[PDB]
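Next comes just one chain, in structure tokens: the form deposited without the named molecule.
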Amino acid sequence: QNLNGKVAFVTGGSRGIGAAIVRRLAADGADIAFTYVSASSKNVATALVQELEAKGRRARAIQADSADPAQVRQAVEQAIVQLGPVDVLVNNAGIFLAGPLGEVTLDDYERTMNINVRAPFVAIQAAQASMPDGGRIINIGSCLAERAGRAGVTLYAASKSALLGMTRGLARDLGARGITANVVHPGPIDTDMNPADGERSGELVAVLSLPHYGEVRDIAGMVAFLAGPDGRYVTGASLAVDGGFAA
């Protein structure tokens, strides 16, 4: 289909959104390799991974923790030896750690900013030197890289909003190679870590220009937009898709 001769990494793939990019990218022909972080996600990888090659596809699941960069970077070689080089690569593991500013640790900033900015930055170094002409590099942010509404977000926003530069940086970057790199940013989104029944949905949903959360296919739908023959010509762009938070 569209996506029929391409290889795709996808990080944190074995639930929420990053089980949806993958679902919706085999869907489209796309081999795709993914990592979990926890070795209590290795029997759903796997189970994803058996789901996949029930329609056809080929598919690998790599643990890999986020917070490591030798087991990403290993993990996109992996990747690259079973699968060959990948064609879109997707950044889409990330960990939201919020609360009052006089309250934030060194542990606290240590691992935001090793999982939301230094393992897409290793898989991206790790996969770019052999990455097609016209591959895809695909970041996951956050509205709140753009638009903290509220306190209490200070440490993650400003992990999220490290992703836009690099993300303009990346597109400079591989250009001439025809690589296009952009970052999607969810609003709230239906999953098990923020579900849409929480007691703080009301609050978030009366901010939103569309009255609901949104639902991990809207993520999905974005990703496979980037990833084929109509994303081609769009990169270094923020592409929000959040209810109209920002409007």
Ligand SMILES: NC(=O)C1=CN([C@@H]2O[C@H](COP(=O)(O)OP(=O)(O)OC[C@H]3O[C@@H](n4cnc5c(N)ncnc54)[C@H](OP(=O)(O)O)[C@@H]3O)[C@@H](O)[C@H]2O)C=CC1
The other form holds:
Protein chains: 4
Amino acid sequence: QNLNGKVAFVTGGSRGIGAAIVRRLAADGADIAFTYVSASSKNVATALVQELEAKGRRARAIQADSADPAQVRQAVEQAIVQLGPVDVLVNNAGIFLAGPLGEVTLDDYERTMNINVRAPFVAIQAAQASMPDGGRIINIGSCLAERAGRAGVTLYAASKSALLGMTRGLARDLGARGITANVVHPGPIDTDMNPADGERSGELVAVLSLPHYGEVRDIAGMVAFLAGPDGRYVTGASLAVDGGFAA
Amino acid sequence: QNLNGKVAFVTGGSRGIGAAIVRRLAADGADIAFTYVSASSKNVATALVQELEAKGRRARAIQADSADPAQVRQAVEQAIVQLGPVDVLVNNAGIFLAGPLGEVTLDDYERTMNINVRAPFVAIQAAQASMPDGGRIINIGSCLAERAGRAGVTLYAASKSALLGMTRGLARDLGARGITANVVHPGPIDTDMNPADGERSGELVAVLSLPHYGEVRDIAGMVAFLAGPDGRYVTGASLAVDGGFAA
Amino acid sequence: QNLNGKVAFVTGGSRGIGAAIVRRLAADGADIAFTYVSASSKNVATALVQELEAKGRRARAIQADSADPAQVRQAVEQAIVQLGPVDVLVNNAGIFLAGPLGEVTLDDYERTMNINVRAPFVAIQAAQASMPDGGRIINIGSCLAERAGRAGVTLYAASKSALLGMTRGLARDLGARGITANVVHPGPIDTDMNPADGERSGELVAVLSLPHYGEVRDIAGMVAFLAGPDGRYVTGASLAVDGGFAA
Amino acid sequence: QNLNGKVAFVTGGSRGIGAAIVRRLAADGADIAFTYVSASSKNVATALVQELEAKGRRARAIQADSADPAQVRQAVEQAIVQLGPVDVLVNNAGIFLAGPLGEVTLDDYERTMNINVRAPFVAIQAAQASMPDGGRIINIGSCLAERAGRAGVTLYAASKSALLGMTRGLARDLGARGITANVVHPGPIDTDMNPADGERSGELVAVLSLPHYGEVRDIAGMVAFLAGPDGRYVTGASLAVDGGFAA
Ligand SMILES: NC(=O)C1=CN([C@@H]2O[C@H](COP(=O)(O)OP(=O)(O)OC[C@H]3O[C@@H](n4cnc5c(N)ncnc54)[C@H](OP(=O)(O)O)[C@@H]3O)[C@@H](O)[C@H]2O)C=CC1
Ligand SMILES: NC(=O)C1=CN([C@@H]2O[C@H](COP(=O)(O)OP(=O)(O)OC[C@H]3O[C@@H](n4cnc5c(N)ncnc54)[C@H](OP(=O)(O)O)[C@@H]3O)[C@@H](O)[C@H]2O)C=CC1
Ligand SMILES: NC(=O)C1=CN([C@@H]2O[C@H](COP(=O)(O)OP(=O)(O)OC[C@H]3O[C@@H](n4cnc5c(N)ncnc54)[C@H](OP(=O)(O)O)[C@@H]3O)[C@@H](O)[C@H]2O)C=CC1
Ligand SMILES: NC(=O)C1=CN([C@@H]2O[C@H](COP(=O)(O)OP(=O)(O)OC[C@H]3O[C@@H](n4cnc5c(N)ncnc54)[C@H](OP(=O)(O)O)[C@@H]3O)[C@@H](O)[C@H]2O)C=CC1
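Next up, the form solved in complex with the named molecule, please; the one we just looked at was the form deposited without the named molecule.
To see the whole picture, the full complex is given below, headed by that same chain.
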């Protein structure tokens, strides 16, 4: 289709929104490389690769801890060597540590900032060197980057709003090559990080414009749109897929 | 066909961005009704309708001056009886009157607010009474709504930023019915109203992230995405298709 | 006395937030002219003039229905004849019509748009020609301009988000003369229009960062800061005085 | 003296914007503690302290590299013991590293994020434990957090937009104690880091609404406003003092 002949790199592709993104981009015809960290995700990841090869797509699963900048850079470099320069980079892997402000530890701080901020920045730096003209960079942000709404999300909210300025700076840095950079903001999305049946799920739905959690395909479709022909003129933008959480 | 069996209504569908939207939504399978104002556009408008019928879509062109609240309301009422309840309402017709602040007249003001603000609001009121659950409302705004950037556009920017609160409030009003309301913000788009080769065009390209005007298909593609299945959880959002004018 | 020798114009200065603005600006040394609409307010307004003159300030009370553009223009012109060119223009008078979207009437729309949008533009257009270099324009917006948050405020929200684009275009139109233009956004404020003890008031406090309504001096203080020496480099900004409603 | 009897903490208080803040908050009557990093600033820092003591204020200058979390925490703890619990915390010290995206180094990343993001978070965590009810947190951000405008500022813009989410979450975390948290975004301000006569200054003045750089008093005045009685209902806000750079 419209991604035929293109290479996509997706951090966190083993499950949740990232697995939905890799499936959607592969269906659009991209060759896919994606990362995972947890040892418990190794089986899921190699099964995911087998599912994509069975559809005739090239695919690689790469273990790379986003907490470690060297591991993210190596993953991209390995992806480039095996599939070629990356056309679509999707920074999706994330961590959510929430709680009373006085209990936040330095490990909470370094871990959140390395995974949610520095890793996307390192993947971009590694990928951009050889990204073909008209390339795409798509960061997964969060509705909490633009509105905290509640107590207990200060550190997470700061890591995710760091991507706003990073994305706008990237759209300026790379626009002369036709490369676009956008950040997508999910509202509540039914995944393991945020189950739709969690005890907190109900008070959250109460503040949405649409009275329900979204689904992982909602995010994958926004990403597929920014990745394809229809995204060519969208850049530097914050695109909320949040059910009207912000309205 | 992502829009098969749906009805779409589009103000200002005879040329420019509005024409590209009607072609795109019909090509996605929607029956289309759209408005035009000048008698000079009557030929172009009815040629457009036969072009869609020749592709097997039902389509109707209705002459309705956006300045007149009854004409817009009657235009929507006519489309509902001829094509059925509208699933996709696209408020696109607009006027751009620019110049020194001291030279602004009351006719400039009433004409700008009647066309850019009141006409969409009237069209939404007529369409919403019978819009099926899961429907879509899409206002065409402007990058000048979020950043004026220059002298001489105060009246126009006020009329477009008026769609921001209107859209967010509509998302809340209609969200229990699954209906979404979004505003898309064009950057410079090569049209009759904004030619890519106008004498001021170069200084506008100079402040962009991507160094060229966009094209009418770029706005149409965003509209088609919000109109379809992948837009189902986007609501109350402002979506820039501006080449990074805002980055 | 940072406003000594300056003239202020305040729509709606007879009560609520506008009465607090005229009091605060006069205490800073401004000669003041302000408008009222209700004949029932003539006693409060002329009482307000008497209180200011007893403090040695020049003051004028001018009846001007904001629904009528001509009355606003003539009020500004009279203030100018009486006190000299206005240094500080404060657009405060406003109307709040809320309710179900299907019950909005054209009278609701016309009255809301004339009072909340056209009247400020007309006052600015009257005052700007002879506004001294370094003057100030301050529009009173609302937190609902940036976030509707709930159903029933669509029309009001659109009227208020119209001031964002108008204010940013004015900051461009007039900045070469040193004139600033800003919009202030009250959060819930205890006044006649929004009593703190209304039966609906409690659910609103529940979404604030500070757990209470604000007070009219909170807006008056923000206005005084913009009017005076510390505001000289602030222009085109949206300033929330909303108790953290948007946070 | 609206800050009488209160204690203020200001990182980077020896010169530029931070010195003007320490002078303004002391002149409003606060006892002040502030940090510096360079051994070369030790004379300037202790001279500033003597200037404040000569006006009758208590003041302490503490060398503390913001890059080092323990030094930042230690400085806040030392000031709490010496001057008492902090009422007004001003995170001002910052670093600007600009250049091509591909040349950004690990040290550029680590130093920018440790200084612009982590140090403010650490100062806040230390001060908030004993901050008196009704206190104020004021982060110094940048107009580049909200709009990059140009190529070459990606890292810096990411570090500053991180303060947006941090500030909004802090406002929720602390609002129940009456504490406010806001970010001030300077435009170009004539200092050592951004001299008003630099070769790049003219093209920058060309994109402003006011056609000149601001001055350090313009920033000190907005902080003093936030710190005082008139800021009591402002929280979670982004307040631009940018000459209309964003208009
Ligand atoms: N879902 C939501 O409601 C919201 C989500 N977001 C953002 O969406 C993105 C993911 O959403 P979601 O799918 O819900 O998250 P999940 O926790 O459900 O899935 C997490 C994925 O990220 C990967 N990941 C986590 N930490 C690391 C790491 N240190 N190194 C490498 N990979 C890692 C996991 O890999 P493994 O399987 O190997 O652990 C897994 O594939 C995140 O950025 C999150 O912040 C934004 C707003 C709200
Ligand atoms: N193109 C750009 O660079 C930008 C565009 N926009 C917005 O995008 C939208 C369209 O832009 P563009 O395509 O350039 O506009 P064009 O002027 O090229 O096309 C205008 C269309 O609107 C119709 N129209 C105008 N006034 C009325 C009215 N009173 N009643 C009915 N129909 C009317 C015309 O019908 P007829 O053909 O009969 O005249 C025509 O079909 C507008 O909302 C515009 O403000 C915003 C920012 C930048
Ligand atoms: N109150 C709140 O919590 C919020 C307030 N706002 C905005 O703040 C502004 C004032 O709010 P508030 O003071 O609470 O409202 P009030 O009704 O309490 O005070 C209104 C003032 O405006 C004047 N006024 C009202 N309508 C007109 C008109 N058509 N023509 C001329 N003068 C008029 C009245 O004059 P008279 O005495 O002659 O009637 C009165 O002095 C408005 O623009 C409102 O939208 C924004 C968000 C929330
Ligand atoms: N000025 C501008 O044009 C703009 C400024 N800003 C922000 O405003 C704030 C101040 O601006 P400006 O006054 O121009 O900055 P300056 O560089 O002129 O002053 C720097 C101050 O920060 C201190 N400092 C720097 N690094 C450290 C550190 N690692 N540990 C402790 N103290 C440190 C310095 O201490 P010493 O004296 O020991 O060096 C000095 O007091 C910064 O956050 C900046 O990014 C935002 C937008 C535009």
